[PDB]
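Got chain A sorted already, so can you dock chains B, C, D and E onto it with the hints?
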Amino acid sequence: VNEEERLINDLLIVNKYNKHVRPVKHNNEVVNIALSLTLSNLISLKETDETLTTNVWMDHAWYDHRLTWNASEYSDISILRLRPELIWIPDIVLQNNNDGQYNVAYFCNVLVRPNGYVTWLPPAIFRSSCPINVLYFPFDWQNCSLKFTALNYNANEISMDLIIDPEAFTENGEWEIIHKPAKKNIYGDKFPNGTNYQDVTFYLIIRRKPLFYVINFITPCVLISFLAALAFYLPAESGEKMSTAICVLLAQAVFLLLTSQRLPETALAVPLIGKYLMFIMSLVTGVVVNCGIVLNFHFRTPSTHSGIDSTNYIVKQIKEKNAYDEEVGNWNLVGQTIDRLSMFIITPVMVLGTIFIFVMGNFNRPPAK
Amino acid sequence: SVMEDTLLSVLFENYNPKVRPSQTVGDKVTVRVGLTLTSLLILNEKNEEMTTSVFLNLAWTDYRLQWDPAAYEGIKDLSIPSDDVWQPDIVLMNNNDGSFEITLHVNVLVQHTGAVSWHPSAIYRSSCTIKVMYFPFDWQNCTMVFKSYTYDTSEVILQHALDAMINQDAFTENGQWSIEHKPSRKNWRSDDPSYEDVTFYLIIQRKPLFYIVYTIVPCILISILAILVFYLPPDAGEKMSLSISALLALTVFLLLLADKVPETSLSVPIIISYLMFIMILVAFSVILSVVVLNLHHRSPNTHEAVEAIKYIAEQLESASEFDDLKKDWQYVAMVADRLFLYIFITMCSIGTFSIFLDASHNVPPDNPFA
Amino acid sequence: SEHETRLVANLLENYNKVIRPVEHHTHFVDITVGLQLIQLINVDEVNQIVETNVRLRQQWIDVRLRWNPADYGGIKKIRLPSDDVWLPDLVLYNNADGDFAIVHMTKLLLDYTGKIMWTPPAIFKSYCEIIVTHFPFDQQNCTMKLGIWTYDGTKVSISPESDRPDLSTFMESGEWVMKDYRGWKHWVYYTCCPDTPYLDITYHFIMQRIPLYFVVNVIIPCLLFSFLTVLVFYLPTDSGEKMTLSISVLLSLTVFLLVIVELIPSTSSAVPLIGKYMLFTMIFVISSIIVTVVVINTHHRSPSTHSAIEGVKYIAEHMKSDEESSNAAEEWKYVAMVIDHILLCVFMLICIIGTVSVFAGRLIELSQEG
Amino acid sequence: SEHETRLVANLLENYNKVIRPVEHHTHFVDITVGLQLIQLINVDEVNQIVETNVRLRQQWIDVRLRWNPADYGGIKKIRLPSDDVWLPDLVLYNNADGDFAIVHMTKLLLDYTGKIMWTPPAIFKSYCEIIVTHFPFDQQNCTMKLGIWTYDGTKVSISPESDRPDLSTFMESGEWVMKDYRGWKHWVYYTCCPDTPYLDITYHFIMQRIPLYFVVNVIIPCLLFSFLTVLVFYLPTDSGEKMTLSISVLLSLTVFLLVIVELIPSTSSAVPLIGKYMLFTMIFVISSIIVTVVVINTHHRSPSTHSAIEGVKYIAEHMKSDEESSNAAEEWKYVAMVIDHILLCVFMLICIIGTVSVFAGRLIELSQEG
Amino acid sequence: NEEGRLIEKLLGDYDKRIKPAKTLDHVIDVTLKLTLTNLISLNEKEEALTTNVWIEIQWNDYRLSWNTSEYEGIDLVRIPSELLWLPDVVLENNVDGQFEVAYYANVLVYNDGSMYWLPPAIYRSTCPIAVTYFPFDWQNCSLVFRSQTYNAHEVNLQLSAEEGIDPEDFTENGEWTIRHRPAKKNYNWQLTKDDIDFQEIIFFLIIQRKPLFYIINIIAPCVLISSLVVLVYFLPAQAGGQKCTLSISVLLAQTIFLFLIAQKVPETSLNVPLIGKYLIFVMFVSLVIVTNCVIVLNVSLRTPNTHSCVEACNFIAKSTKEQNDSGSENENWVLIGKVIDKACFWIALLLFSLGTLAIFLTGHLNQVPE
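Going line by line, the protein sequences match chains A, B, C, D and E.
Under full-length UniProt numbering, the residues of the first sequence are numbered 22 to 183, 199 to 341, 442 to 505, in order.
Under full-length UniProt numbering, the residues of the second sequence are numbered 25 to 188, 198 to 336, 427 to 493, in order.
Under full-length UniProt numbering, the residues of the third sequence are numbered 25 to 330, 398 to 461, in order.
Under full-length UniProt numbering, the residues of the fourth sequence are numbered 25 to 330, 398 to 461, in order.
Under full-length UniProt numbering, the residues of the fifth sequence are numbered 18 to 181, 189 to 331, 431 to 493, in order.
Extracted from the complex, chain A is given alone in its bound form:
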């Protein structure tokens, strides 16, 4: 009380302080600003639309050359508080990731160092348009780029110089955060004939992959498969249930197509890479073809698909005769062909089924590289 009341009447923030004038110590280079970025939370990830809603601690530093203090201000306490109006507030802009206005990181309570230096560093709920592309889905899952800084001012009114990541990871990400570099810069552009405003460039290289699609997704391919699989086993153990062998193909067939239907649905959610989508469809087809081949080659076959003596001789004549007919049917049988069929089904199960987990493994050896 040290002449306190009285001195913060001396200085007058708003009245002695030019609020409409930038205390730059008059005409020189700038007042020297530094930004610090610390994510407090990531609440939602969108793949389809390249958009992320995340929370950041907007740690900000810059010199107020009119905020040098004397005894009952500096010393009384080397550290005090002061509201947003008693307060030049910039517009740090999330330059290319602020297609979603900054919230509750606008004009809240700031920290008043004891000789100008000021410190304002609260919470930012924001939305961003990160470098997704249809390619942030290959396993690398890329590097998310973001730049932060005071938008308005030039390299002669503004200079911003420059933490992890998993400080406050959203554990309820389906993805995984590998890394997180941080390096500032300053930059001159196309349309501006000056250099200027400096910025916080923070690249986020991540990776994602639930442990829960694997589960229900591979489940139905071995399931399915075994239907195609079993389709051909059963035409041996009895291929005369013709209608019912058939039914199965209607059945396995409708089941296969909506399967893949739920596929593009989560799809649109999120733009799909070309890596995964081919092994699926290229192979399902694979089957498909061989269910249609199953068809024909399973039902192809046209069939397997003294006057008392004169009289009973007619019957032994209708006898033998229709025994060549009857036989016309077993013709169709083809049972020395048995083992082959199921054989020549096994060959190709082993070629495809392997071809896939073969492509598995040839891309599951190089990343372990």
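Don't read these hints as lab results, they were simulated from the structure.
Be aware that a few hints might be false.
[What the hints assert, rightly or not] Subject to a maximum C-alpha distance of 30 Å in a straight line, what follows is the list of computed DSSO-like cross-link-like pairs (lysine-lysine):
#: 1; chain 1: C; residue 1: 404; chain 2: A; residue 2: 457
#: 2; chain 1: C; residue 1: 203; chain 2: C; residue 2: 404
#: 3; chain 1: B; residue 1: 240; chain 2: A; residue 2: 311
#: 4; chain 1: A; residue 1: 452; chain 2: E; residue 2: 444
#: 5; chain 1: B; residue 1: 450; chain 2: B; residue 2: 433
The following block gives chains B, C, D and E in isolation, referenced to the frame of chain A:
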């Protein structure tokens, strides 16, 4: 200090907050408008709604803010909030589907003999005439009209940047879509004394090539089952039953296809064109499945005294065999062959048609994007 | 300027914004409304809500705003922003689904003398009658009343100018379609209070529905299913060896009819259409049902069916005869004289029922067509 | 009257709001608080959001508020508007999802003294733990911490008060139930910085969920699909003559539950759960499949069953003797001996992984119940 | 008349936040009442609603009975809302969603301290309706609302019509209906132990629902379904033996439909309210139908297989005749359906009982609250 308090003080002595940057009724003050686009986030193709983001660059000259020694010669460039002046407001006649975000009331760059620069990026909710005419490979057409929303050009004048600026200036790389062009034509609506709006054209091009591909499967795959079920009949005729299971199934299938489609045009719908004839191709393997069914229908049956016994015998077996031999006569498979090759005509003709339509669609209505 | 500064300052001083133009006990404030819906953006059946384009033409007079060469002198009639005014609290009685869009703080025009207009560019949220009777082909007239909030005719009075149709500038992106709309004036005094309360503009929207794409999809499967059913009868009489064959059928069909019903109740639930419209699909769709059921139970209906070396040949021959008998029993079982009767039995029924169906179909096509 | 105006006037002249009441380099601002939770209107399951009300009882002092017979004299404990006060920015760390609803602009309890409290019926949306391990049968205790935000220890101070339980105002309409709720205080300095940061109240909610509705209906279609598969096995014994029938019911059964699982994905992601759980239905339902896999593979298990006048009568009966031995050789294959073992085989297998399901089920609730 | 001077007089003296108070211990008397006008959303699973309430506000402040120039120039007055004491309204029991445009509406002065103000408010709320209010006997929705603000020791509210409704401005987009509406005026001190009584306003609302449309949505499926299994029951007496496979197709189809009805509507009661009563008849009626339905096949499943040299050779052939006869004959005896026929009438009455037990009891729960 070089008469700082002095300039500073004159300016705030002769500036008028509430006033127009003009001296009575000419002419007015010739503002420059020109937008550097950032990117676009969402094309609500269905409804014709456009959410994008750009910079609002405005710039004109304030003869009221010519400085002198210390803020002129001092520092020829100084940043100063707005608030002070006539700002654009602007609505999009069409468009203007909703507010401005970071557009207005943001600081500005003020030059010495009063050139003003204002550099804001913004998101804006717009909706243009993309229509239900944004899917024919020929694509279309739109009007994007920007302009203020009580101000009738009479105290100022609007003028743009380029006219070639393109619309593939900031075309979204992410787009499964594409960029023909965007011109820019200034207009003044004579139905009004007010000088209004400016019309910006969308010659847009939409070719996301990803799932039509497996859409091609259903057209070819479906016919599989088709060729199939018309290749089953004179293959094993005792397809009798199993036949109808084929089609319960074949039908329900192209139905559910009609389930999904209306649901996916949901966000998304246009020109039946694709739909229109695969619908036809639909009604095709409907009615052809059903006729053939009729084809099956068909068959109006099917669908001593010692020698006196012998005789008896002789008659019993032969007698009824030619009667059952009759039915053979009544369902011989002459049709199956001829109509399965009527099936040949019907289906390799209808197939090579929408294959043509399709052939014609990709090659013919492409070019006129100009 | 012509009185320039002396102009401006005189005016702020002797003038109270807040004050309402109260000119002895008489005419109140005479203020008229005039809505011109430039266009409409969207409308929801389910939740009878519309987002539309209105330019509100508001008139009234302040005799305190007549002038000399120190106000008029300066510049004729000018542009004066709102604020200084008394602004009626307009409200769509049974509408008014929220607050007028961009209403606040716009501008208006004063004459040298006084006369003021406030005609600003609104777009807002509305609320109107649809009733179960709007999805009529014949429509319902949306009753919408407008007028001064909480001020009677003593204190002030909202009046009319004005008849105009609705289809004057109706949304060209409706699916849908108008007949006419008219608006007449009225003064609502209440049985409450012996008093004279405000005045009101009552809108009447008379418009009928249905872009015709929907319509097609749904009815053609019903004709499609006609033919199947058609087989369903024909198949069986012509051979009941695939009885369970058609079992198929009956299952996969009624489920179909089921699935249709999911689609149009949700849309029910999603869009109110006058209920008695649905018993059309009712009986109709249901007879497909009662027909099946019967036809295919009955298809089943049937109990049945759905020297001494000489006398050895006659004990044997006598075994072939009795069973001769019996053969003919069970075929005697499935006759093809009467399955013909059920055929024409119910087919006549169907072109009864059919023509009946065609009845309400044709009937409110006699009232729509107009 | 009693220094009326001189008392009110003096209090606002030497009253300021830029300043907070802070007392020396001290014990911080003695902030008191706890609980008044009486309603939980909405909380989601799927997202672990909670919009509840709690009147945040605050209590502290500021010496400067000491008075004589000209403020205490008056009226003891008068109640000031909230405005005048420097309110703590309280928030649910983790959480704080919502704006606190109804806090601004209040009533504040003053005494002649000193004593001040304000009970604000704050309602807000929250976000706390729960995870994948919340809805187990062994529970989870949502951690909810509250306290000032960007102020550590050396400035400012809060402390929890009192023991009251959770099931104090637990939702009685809860598909669910609480067991206990504890809140203890603490101060948080970090390893980062040598400074004393902020103070906080940490709640923990311990309560089990699920009402049983869902339960009674999940099981049912389980039991009843098990019956079918139980039929799947019985059949072949009773009615092997319908083996193709038995295939029927598998296609049946399987597509049905395949289908049940669709639902799940939609309702699970729409109310999230520890995976752990489904692993039950998993193998017990893969069990129907795995079992039709083996039982009908096994069903089909068997390759093939899956003088001279005197002379010809003997060429004829000889025709009959050749064959007769031979057919014996297909029936030879289906002995209907090891069909009664596969049912028993698996009757015991299905009695045991059916008591299985009933097992983890009950076990887990021997562990819940506890 | 003094118009200027009188205004200027008391605006010397004029105090805002201060109640026209003899003293601060014995409060004002305030008048309130509400006329419903809109019941926007009835979310009963989640027991909340939104209504446009006419907040009839009235109270006395003689801080302004007038003389000469006001009372007697105009017994009536329009002076701004924002000029004095106004109570913050809210439904202690309901108030769920802050007030909408319900405030900042010009207030009505008398000239002896009569004060009246109405206005309209759309807001959220929280009435009964958990798992009951479904029935025929309605749940009384009890909403008490007061001032948020202060407690009854310096405020004191008055009330209305406890007796007389409801459908003054009931929503027509009810499937509901109201049959009474209570309203009394009361004090604050509850089960919970809260003192300092803050008056309030109780709003009882016992209302009806159930103008049933879906009724027969529910009604038809499951009559259809009982006749569908009536075909399953009578068509087997008529049927042959190839009707095993027959029957089954039916049961597949039968419950594909069944459950799909069980998925449908369960959903329904989740998204709107809940009551078990009706719930319980459907599923469980539906389950027992199923029950017996496959039991039925286990009833035509049962049964093990019904599911000279001249004379040497004459000797053996005349045995193959008698012989195979005996065997064939076996099947005869074995499947002479004494079981089946009666199993028709077994289910028949049983079917009847099911039917009846249900519809009968529905005929009752409609005929007691009839």
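Status of the hints after comparison with the structure:
1. C:404 - A:457: Since the Cα atoms of residue 404 of chain C and residue 457 of chain A sit roughly 26 Å apart, the hinted pair holds (cutoff 30 Å).
2. C:203 - C:404: Distance of about 92 Å is beyond 30 Å: violated.
3. B:240 - A:311: Between residue 240 of chain B and residue 311 of chain A the Cα gap is close to 21 Å, so the pair holds against 30 Å.
4. A:452 - E:444: Holds: residue 452 of chain A and residue 444 of chain E sit about 20 Å apart, inside 30 Å.
5. B:450 - B:433: With a Cα-Cα distance of about 26 Å, the restraint between residue 450 of chain B and residue 433 of chain B holds, given a limit of 30 Å.
When the structure is compared with the earlier hints, a violation turns up for hint 2 alone.
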